[PDB]
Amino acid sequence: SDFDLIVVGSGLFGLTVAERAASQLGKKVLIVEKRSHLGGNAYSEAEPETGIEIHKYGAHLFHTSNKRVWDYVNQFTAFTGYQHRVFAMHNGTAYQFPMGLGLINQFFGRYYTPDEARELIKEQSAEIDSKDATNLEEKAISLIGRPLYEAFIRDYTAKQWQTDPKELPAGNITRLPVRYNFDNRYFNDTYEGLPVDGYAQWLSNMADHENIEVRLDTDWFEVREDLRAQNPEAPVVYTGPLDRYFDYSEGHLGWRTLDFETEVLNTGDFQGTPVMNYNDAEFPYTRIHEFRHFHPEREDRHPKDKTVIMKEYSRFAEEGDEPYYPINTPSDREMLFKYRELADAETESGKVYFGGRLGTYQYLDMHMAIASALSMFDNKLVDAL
């Protein structure tokens, strides 16, 4: 008892809202986490044989242009100067990526100036304007033209979504920078880097406040009925799956899940870069991570003749999988609305708020989760405390 707030989930959304209540409002918070560790998908740990820091839940690369979010996270960890770059493997060649003069030179066979390249892509993309694009395929072609779409977007998306590119959200592809220069940074944000002391350390520092206690290995849906009887005093922030909150009363929301197969190899360097995208259908995995390259400043502590790689696979979320991505087909989006009604209803009736990637069925990055958490705290939780 004595708890002012209950947060369901110790992911970044759950941790920010809890940390803000604790240090800004001085309220005692308890976070209920189902897993054996803090941090949700942002969690990382060292690989036993090599000591290399692994994102066991997918490559986690922090980037933001939100100054307020940047200053905030920098309270809990320093960040390296790492800048994410991705190469795209297609028909036996590693391509500069995303769209820029480098990829354009490599794929079309000669150098195009910025002006010449703008003209080239204008021609190949003419079949649809960006204003008229309502899904992933129309939008992609509109931004990068037909041939680049068919060569670098089609098969990849098929593997990542196993879904008709004509019903997936346009916003999925606008995640990637589209450029007419040689800049091949995978993100275009003001601030980015990796936690200097690793993710795990970062996330713990966040939860480290004395008005916060974490109960790991604990399922909310089990302990809720008494715990909030022990404390009808505390509001609840739920960052678990939405459709699961209401026991699939309206059905199952479409989610994608990922699998990670880790391999320790007898070479110091497998692919010479942190992430290689596999854009061809013949390769079952979407990309390969080589984690030693995420921290070149730890070179002296990495083994000289071993490396850990991880092949990443995508499939539909089955019950028992962690959902990683919302699919948000139009068919999905309807079901989503019905749950939103229910959700709205629950927050007033039962003082339960719905946040985070899983809580709102939204394709959120870390900095987006944190911003959305900051918004909920300032706009809602300040009142209800």
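C-alpha atoms forming the largest set that superposes within 1.5 Å between two forms make up the rigid core. Numbering follows the first chain given and starts at 1. First, how it differs from the form deposited in another entry.
Comparing the two forms between these two forms on the rigid core, the single residue of 153, 73, 203, 242 with a CA shift of 2 Å or greater is 153. Here residue 133 counts as shifted, since its C-alpha moves by at least 2 Å between these two forms after the core is aligned. With the core held fixed, the Cα of residue 114 is displaced between these two forms by 2 Å or more. With the core superposed, residue 104 shows a C-alpha displacement of at least 2 Å between these two forms.
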Second form
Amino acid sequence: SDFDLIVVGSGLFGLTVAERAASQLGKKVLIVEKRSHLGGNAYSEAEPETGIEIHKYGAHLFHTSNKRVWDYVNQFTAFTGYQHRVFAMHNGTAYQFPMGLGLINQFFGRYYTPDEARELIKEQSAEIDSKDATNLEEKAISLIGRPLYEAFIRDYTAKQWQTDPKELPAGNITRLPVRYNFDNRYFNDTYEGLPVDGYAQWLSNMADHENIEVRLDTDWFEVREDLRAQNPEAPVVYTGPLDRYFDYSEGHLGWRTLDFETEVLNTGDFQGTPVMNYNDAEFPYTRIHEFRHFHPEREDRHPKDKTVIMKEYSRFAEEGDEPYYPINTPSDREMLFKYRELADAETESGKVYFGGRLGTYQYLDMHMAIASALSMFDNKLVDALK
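Mind pulling up the form deposited in another entry next to the form deposited in one PDB entry we just looked at?
If you are looking for partners or other molecules, they are not here, because only the chain is given.
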């Protein structure tokens, strides 16, 4: 047949499934993708004026402790030795971040040793016991105290969720957000880096296989009757929206979206670091990305006197908005449970498998989507394709 497997969506989940079926089982795979390019939100591109690699659907940082996933992605791209670091702007000062000996010295005004900092945090967080916290605000205060909470967490979180932290779940903070050393690596994972030739090249390489057919600018729901009629027994891996698949029969799942404001500025360096969080309420955006600093190894290809920056604004995802993060209200958890039932029925009657961020209503980092796709491939698709 012309294809043995249909994959809807070319994010990391779709690409992984498609590539494994193609290379490991020698199956013909047809990828159907609604957008004009491969890669889902991980897709990046050159900003036209400067040539700098940028993202329109969120900056993407790769990191994992899963060696299987690390070895896998390295088949398709090399990675730079980029290590993500973030600074936090508060009351006109850029603080070392996350909270650690550096921020503590800057904020409290003198050097604390690791043991002195531990004792400081004990004193600061004395007021509320974590066991008694009834919301995010109280949870934070119970761990690090009011001064730190009020400076670095309160307004930032308010902007992030468009909600008073008093009305957010205590379960949103699960561990002490403080380090007792000067380590300011943002991530804690074994492996980390950025694709040497950019995300677009990496993701294109995943789908570059003699057994893979790619149809861009194609909506599954427009073409599905025709495609399946060509080969009815070919399974489908669906990574589009779960609720949309079932015509919103149980209602609309709730998502957060982001608005990105991009500017080309007439300086070669706007903030001297890839990401500056803006922790204060007076700034409407949560942070500014300056994209050239993600790839310092490219500095002589970057313009000397121009730079691209991006500001980020969060709000509720309405119709037409890209859905980014599941909101997960109890109502959302309710209809999700109902959609899972429908989906499972569809897998049994129609050989349609549901996966990925949109397909399962679950935020997934790149390595987690890949891991999830490797699992589905191993545990479901190998059998289904025999």
